[PDB]
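Visitor: Please build the complex by placing chains B, C, D, E, F, G and H with the ligands on the supplied structure of chain A, with the hints as guidance.
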Amino acid sequence: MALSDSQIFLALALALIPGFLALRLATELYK
Amino acid sequence: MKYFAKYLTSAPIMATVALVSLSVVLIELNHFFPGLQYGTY
Amino acid sequence: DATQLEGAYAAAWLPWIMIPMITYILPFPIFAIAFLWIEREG
Amino acid sequence: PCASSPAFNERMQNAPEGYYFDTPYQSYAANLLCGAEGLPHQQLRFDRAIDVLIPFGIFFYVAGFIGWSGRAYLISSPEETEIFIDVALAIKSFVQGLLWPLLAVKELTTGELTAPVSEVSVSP
Amino acid sequence: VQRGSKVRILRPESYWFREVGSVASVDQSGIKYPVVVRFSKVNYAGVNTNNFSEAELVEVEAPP
Amino acid sequence: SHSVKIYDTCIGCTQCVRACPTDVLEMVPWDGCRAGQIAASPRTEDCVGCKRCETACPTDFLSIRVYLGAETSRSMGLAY
Amino acid sequence: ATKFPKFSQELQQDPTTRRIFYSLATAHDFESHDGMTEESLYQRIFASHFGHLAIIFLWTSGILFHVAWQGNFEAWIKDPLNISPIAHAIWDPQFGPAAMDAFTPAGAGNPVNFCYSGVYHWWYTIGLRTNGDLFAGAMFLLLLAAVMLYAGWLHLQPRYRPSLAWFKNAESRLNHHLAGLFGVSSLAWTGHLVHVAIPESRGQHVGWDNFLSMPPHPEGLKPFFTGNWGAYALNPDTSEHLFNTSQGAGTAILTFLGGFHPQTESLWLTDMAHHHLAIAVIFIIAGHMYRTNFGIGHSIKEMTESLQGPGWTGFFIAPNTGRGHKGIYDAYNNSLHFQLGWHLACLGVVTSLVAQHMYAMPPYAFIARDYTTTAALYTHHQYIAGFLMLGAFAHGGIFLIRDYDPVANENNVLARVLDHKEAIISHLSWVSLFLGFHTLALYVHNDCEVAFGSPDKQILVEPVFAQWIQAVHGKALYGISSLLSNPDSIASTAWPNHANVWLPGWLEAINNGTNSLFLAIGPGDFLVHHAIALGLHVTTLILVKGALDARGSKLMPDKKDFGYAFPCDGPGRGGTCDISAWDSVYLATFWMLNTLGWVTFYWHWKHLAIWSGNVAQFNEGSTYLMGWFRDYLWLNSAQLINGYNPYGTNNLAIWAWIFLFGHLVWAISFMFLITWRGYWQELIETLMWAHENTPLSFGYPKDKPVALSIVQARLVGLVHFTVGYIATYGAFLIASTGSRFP
Amino acid sequence: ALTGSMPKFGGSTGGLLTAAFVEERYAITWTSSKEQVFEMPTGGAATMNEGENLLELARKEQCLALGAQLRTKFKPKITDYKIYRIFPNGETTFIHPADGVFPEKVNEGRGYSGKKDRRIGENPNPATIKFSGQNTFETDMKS
Ligand code: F6C
Ligand code: CLA
Ligand code: CLA
Ligand code: CLA
Ligand code: CLA
Ligand SMILES: CCCCCCCCCCCCCCCC(=O)OC[C@H](COP(=O)(O)OC[C@@H](O)CO)OC(=O)CCCCCCCCCCCCCCC
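Protein chains in written order, with this note's numbering: chain A, 18 to 48; chain B, 6 to 46; chain C, 14 to 55; chain D, 6 to 129; chain E, 168 to 231; chain F, 55 to 134; chain G, 301 to 1042; chain H, 50 to 192.
Okay, chain A solo, but in the shape it has when bound:
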């Protein structure tokens, strides 16, 4: 069996949570 398109889009949408959490931690550590 192989992954589906919806399984790849679930990954893409779910990685927006670490993606913006990382930006929040980067700006909280104050460059």
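Hints are not guaranteed to be accurate.
[Said to hold, decoys possible] Distance condition first, Cα-Cα at most 20 Å in a straight line; then the derived EDC-like pairs of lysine to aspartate or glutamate:
#  : chain 1 : residue 1 : chain 2 : residue 2
1  : E       : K173      : D       : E124
2  : G       : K854      : E       : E223
3  : H       : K191      : G       : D334
4  : H       : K164      : E       : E180
5  : E       : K208      : D       : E124
6  : H       : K83       : H       : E140
7  : G       : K306      : C       : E54
8  : B       : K7        : D       : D91
9  : G       : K1002     : C       : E52
10 : G       : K303      : G       : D334
11 : B       : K11       : D       : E87
12 : G       : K303      : C       : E54
13 : G       : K721      : D       : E124
14 : H       : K179      : G       : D705
15 : B       : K7        : D       : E124
16 : H       : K191      : F       : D62
17 : H       : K164      : F       : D85
18 : G       : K1004     : H       : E73
19 : H       : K124      : H       : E99
20 : G       : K854      : E       : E180
21 : G       : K303      : A       : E45
22 : H       : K179      : G       : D703
23 : G       : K306      : A       : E45
24 : H       : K57       : H       : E101
25 : E       : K199      : F       : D85
26 : H       : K164      : F       : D62
27 : H       : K179      : G       : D334
[As the list claims (entries may be wrong)] Each pair of labels, with its calculated beta carbon distance range:
#  : chain 1 : residue 1 : chain 2 : residue 2 : range
28 : D       : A120      : H       : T121      : 43 to 51 Å
29 : D       : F65       : G       : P787      : 39 to 47 Å
30 : B       : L24       : D       : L49       : 31 to 39 Å
31 : E       : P230      : H       : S192      : 32 to 40 Å
32 : A       : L46       : G       : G614      : 44 to 52 Å
33 : A       : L46       : G       : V764      : 55 to 63 Å
34 : D       : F65       : G       : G614      : 37 to 45 Å
No lab work stands behind these hints, which were simulated from the structure alone.
Using N, Cα and C, we set each Cβ at its ideal position, and we do this for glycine too.
Guide: Below, chains B, C, D, E, F, G and H with the ligands alone, put in the same frame as chain A:
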């Protein structure tokens, strides 16, 4: 020739004579068995 | 056989657009943003 | 042993003779220990105890000779004796350098081979 | 400490720390480092003498 | 700017002042050595950091130390 | 004044291009930052650690995602000996169709990369069987990285920032890390091994839908509660067990067979579950030693400060150490550089252990037969370990610069080793000189003998001590009936007990002359071990010398006032180039790279000669240096450099390109390493003249162009040397092995 | 405001650039007893006029290199040179000699500006000034 002996006692002259005098073991490594392994002498 | 790039995997149209964005579309905006960040004055 | 080694004879009976393989392949094969590639391997066993002493122990004498001639020449000195090696004091430190083994144990017990901790420069 | 006395240096930053040097002249002008000590062994900069206080010297040979 | 510090092992030989290419150093009266002088570094905003003053110092250890600090256009030696 | 960097006012005043480069290489040095207190330092480091764990979890998630989407994991578990694992897919639009065809295998419809990280073998040994399993693991790790990111953001909030006394708690942390990071985690891994890994190894599917159904043992938690624990070691997997299938299967979940599974040539999963259980119990016990807030327990500080003097209540194995270990607890606990350089030494020893153990005792199924994966993994971890050992001494020097207190450490062990540092440095120098003269001269004598047509006159010294240590483990390869080689010895029999139930399985594996567990060693091994000894000794010489002379030497007594990294102290006093302690880590990076080159060259050639069957190539060819040059470097290059030729391209084309790329980067390093700053500053001055006087060139540098500084270019050239050195050898090792043994 | 004839010189690429007029320029004035050739610190050979000379340079080090050349390469020596710093608004500031003597001599009235009553090997060791801002020489005690 007072300082000619002194120049022959200089560091380079002692160096070259010491290297050729210790390195003349050419005749020691040709006189008897030019191949001498650890357990053979 | 392989005359062009293919994907035998799910959502194989995603490399087609992701490689341009990550590698030659979004980088010069990111370089401009970082350059403006390091050259801004107090 | 090298005499009974089955692989050591394919370098015996097919090689240039000369005077580097004829008077050297013998004494070697009589008294060496070869493995499986027909090559003498320097072993360290009870039979090698009276074999490896002549490389190890006889080098220690000449090395200590050089180190003690370089010492006894250099304690009796002052920046011109290193440039222009004083042959008389060199012979004086060679004659004493011959029996340096005894002199070396006649310095450690007397405390004149090592310097004090407060008589040697250090760094911060 | 006066002229001729061999002294051992107690200054950690000195090139000749824990080394014996001969006193050349002591200055009686009330300056901070009056003693001039001269060494048979030169430092890295090419200088074989230096001014030390009396408090950073230890006499090892009274002058004869 | 660099920091040029002068310590009380100074003997007032003036050699640090003579070796300075940018005129950072000068001599001031001291009565702490028998020359009566000690170096000073007021124009240390001019210091490039070449440490010629430290090479010229005869005392062991040096009576003058340069500590390279924040770089300005003067301490980087830039004519542009 | 720019606003960047915000952590340094002195770099904002910098009018040149130096501030951009110095803001990148001083950004994580939080101690030397503007308005940094100790508490704010610890809190920032805590949040940085959380962001780092988030990056690690995102990396592992991405590996899992790309094997699940673009690899062949489900196709490879059917035949893990004749199918190459796939890392991910290629989407280079610049390929010609000849490279698209070359990077497409038989069973793939797109260009792919062959995986050499070994994650297929690891995931197959721990139960993962489908792409859905891999995707579930990837999504879990994505969410876990989000959790770590939120934790790091959370502990920067004012009500949630820990206090400094919390960070200084060295008794609670050790208890919770020993029992709960090493114990409970290993206990949970034993739980997975008996619930998922061993069942899926036998053919039964266990998932998050039927694991509460399926018991790990036929008598579910009956032998454990009753006390008869020997039931769990009954009916193990038979010798003719086929992995992932029930043919030859057993029922045991914790058994202690020893040796290897004869079909996967890897460690038994029952042995690994039993291992992690016996590790978890001991670590959960060990995390109960120090007192936190319950009265019972030790105090570490009272244990260290009690090693002062003589007597049986004092430090008796070295009574002449002055104040002993007084102030050593505070040197550890207060200094974060002491901790980091200590933990880096511990981690660099553990990473070398990982590398030295995972090739000799392969833990994953069919990874001993993936030759390129085995080589890449060993070389990877040995280079990581060399870097960690280099940074251990780097932060040992930075501690002695920044945090060392000579009065708190008055006349203790640390201040006692700083006192006699010249003895340590001169004796490391003597060992280095002895090893180097003898090893090089033995190699050169062997070269001159083989060149003059006398391979029989080589000096071939056998490693009799290591051959004997091979014999004391039960190797009958030599004529040494030592401890475990002697079958009725005190060590073999365990006379009162007879409970070494590991002995037959372990001697089935050590005597098996086809694995890597205790390889046969001969004269060519003795020389290269002495070369490795020379390399570790000289690297230790450089690092120890620069750490102990960090605070000052005779050439620069006040070196601690100038910092850790500084260029020089000028050309006075003869010249003081590379005098800082940072320059010792600089100079020892070359020696670390050279030593790990020798180590990995030895490992790779030893194994290439073993894997080819022609072990006599390394045996009678590694005793002289032209054999290393010709039978290793020249010979195993013919496939790599023919990756692209004027006739076509195979899949080794990228490895040939990266080989040349590493050569280029390594050569570029020598520009920064040999040419120094003033040349380039005068060149840049002429360029500034040219730009201000050219028409139509309306740009102008906002920050003045200057040459790279002295320490900066040392770092840049070292980074180039390292990157090219890693790229060249990584391209050669993957292509010399992946071509001979596809 | 500065008196002196510019030395006879054909121009060079080593002279003033943008930073001279946007950051700072320096000027050196000197009196020569005869018209004679000196070496420009910017490269080349110029001729100083008899009488008063004024030359603008980009760095203070260039003005001090020229001044060291004047007082050492010429017989009789030219020791009356004065160096000024010119700012982009036109403001000129007499900098060398800072006092009016010559730093190498000793004037009564200069004042201490770098003196630290210590002996180098007794700066406060860095473990104690960690999160303070001071670094080891910009302090006041002696340990
Ligand atoms: C913009 C600004 C500017 C301008 C204007 O505007 C300019 C100009 C010029 C002229 C005049 C000349 C001639 C031209 C040519 O031919 O060559 C080319 C080159 C280039 C680079 C080209 C350039 C062009 C521009 C850059 C364009 C732009 C582009 C885009 C915008 C990008 C994009 C962006 C994004 C965001 C990424 C030149 C040159 C030189 N450079 Mg030079 N630039 C500059 C920049 C820069 C930088 C950054 C650096 C560093 C890398 C440098 C460097 C250099 C060197 C080494 C040299 C030489 O060699 C040369 C000479 O001297 O002669 C004689 N330089 N310059
Ligand atoms: C020569 C020594 C060496 C070798 C054989 C490897 C081998 C490996 N590394 Mg690597 N690595 C090394 C040194 C080495 N490493 C060092 C010194 C560092 C510290 C910077 C790293 C940091 C590192 C990371 C972050 C990762 C690896 C990974 C891997 C694995 C997959 C890449 C591959 O298949 O082969 C190719 C090996 C090469 C060396 C190809 C050359 C590419 C050049 C070197 C790029 C330059 C970048 C830099 C210098 C190091 C990058 C190494 C890595 C990206 C390949 C592989 C087992 C990946 C992994 O863990 O898989 C799951 C991974 O993510 N390594
Ligand atoms: C860090 C792990 C990691 C790595 C090294 C890669 C690497 C790659 N990805 Mg991938 N990706 C990852 C995680 C990772 N991915 C995760 C977790 C997802 C699920 C959302 C994806 C989804 C994804 C898609 C849809 C595609 C790729 C593709 C690619 C390839 C081309 C680059 C690209 O388009 O980026 C695209 C990246 C994304 C769409 C999301 C990336 C999210 C990750 C987690 C960012 C990681 C940031 C990192 C931890 C911070 C490091 C800091 C810095 C110092 C480097 C490249 C081999 C392309 C490909 O397959 O080529 C044929 C493709 O189009 N990836
Ligand atoms: C049980 C409770 C507990 C647990 C699980 C942890 C866990 C952790 N703490 Mg914490 N801590 C605790 C209680 C706990 N702490 C308490 C009570 C205090 C107050 C005193 C602290 C104070 C504290 C501080 C100040 C810090 C931590 C940090 C950490 C992290 C560092 C280790 C690491 O990065 O991961 C990995 C380590 C392991 C998985 C175990 C390593 C064992 C070896 C080296 C590896 C295993 C070997 C094996 C062969 C692996 C093979 C796997 C391979 C096949 C894939 C870690 C997640 C650091 C942090 O902040 O991170 C965010 C840190 O700075 N803790
Ligand atoms: C747990 C691991 C760890 C941690 C947390 C630190 C942390 C620190 N180290 Mg460090 N160190 C380590 C391990 C570690 N080190 C190891 C393993 C080594 C040996 C290699 C070193 C050797 C070392 C030295 C010599 C120094 C430090 C310093 C520092 C401090 C500042 C670092 C910095 O400037 O920011 C950020 C720096 C960077 C972001 C530079 C990144 C560039 C690196 C060097 C190479 C990048 C790879 C390259 C781009 C790959 C591209 C290839 C391909 C694309 C072609 C900081 C506290 C400095 C210090 O404390 O000052 C007194 C210091 O001088 N370390
Ligand atoms: C990976 C997928 C493609 C990547 C494209 C995006 C890459 C990052 C772009 C940077 C834009 C951020 C600008 C901040 C603008 C901002 O808010 O400024 C905040 C801060 C300084 O702001 P000031 O305090 O000066 O703000 C004052 C003014 O805003 C008004 O008072 O700047 C930083 O923190 C720099 C550090 C960011 C470091 C970013 C690295 C972290 C990685 C983040 C991953 C992003 C994924 C997002 C998609 C899921």
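Visitor: Take a look at whether the Cβ-Cβ distance between A:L46 and G:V764 falls inside 55 to 63 Å.
Guide: Cβ of A:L46 to Cβ of G:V764: about 58 Å, so the range 55 to 63 Å holds.
Visitor: Quick one, are H:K124 and H:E99 close enough, alpha carbons at most 20 Å?
Guide: 14 Å, holds
Visitor: Within 43 to 51 Å: is that where the Cβ-Cβ distance between D:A120 and H:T121 falls?
Guide: 49 Å, holds
Visitor: Quick one, are G:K1002 and C:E52 close enough, alpha carbons at most 20 Å?
Guide: 8 Å, holds
Visitor: Using the Cβ atoms, figure out if B:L24 sits within 31 to 39 Å of D:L49.
Guide: Because 32 Å falls inside the window, the suggested range holds.
Visitor: For the pair supplied as a hint, H:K164 and F:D85, is the alpha-carbon distance within the 20 Å limit?
Guide: 13 Å, holds
Visitor: Take the C-alpha atoms of G:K1004 and H:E73, compute the straight-line distance between them, and say whether it is at most 20 Å.
Guide: 15 Å, holds
Visitor: Given the proposed pairing of H:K191 with F:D62, does the C-alpha separation stay at or below 20 Å?
Guide: Distance ~12 Å between H:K191 and F:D62 Cα, so the pair holds.
Visitor: Verify the proposed pairing of H:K179 with G:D703, using a straight-line Cα cut of 20 Å.
Guide: 8 Å, holds
Visitor: Taking only the CA atoms, is the gap from G:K303 to A:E45 under or equal to 20 Å?
Guide: 17 Å, holds
Visitor: Would you check the hint for H:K83 and H:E140, treating anything up to 20 Å between C-alpha atoms as holding?
Guide: At roughly 31 Å apart (the allowed maximum being 20 Å), H:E140 and H:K83 break the hint.
Visitor: Given the hint of 44 to 52 Å, is the C-beta distance from A:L46 to G:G614 inside that range or not?
Guide: 47 Å Cβ-Cβ, so the 44 to 52 Å window holds.
Violated hints for the displayed structure, listed by number in ascending order: 3, 6 and 15.
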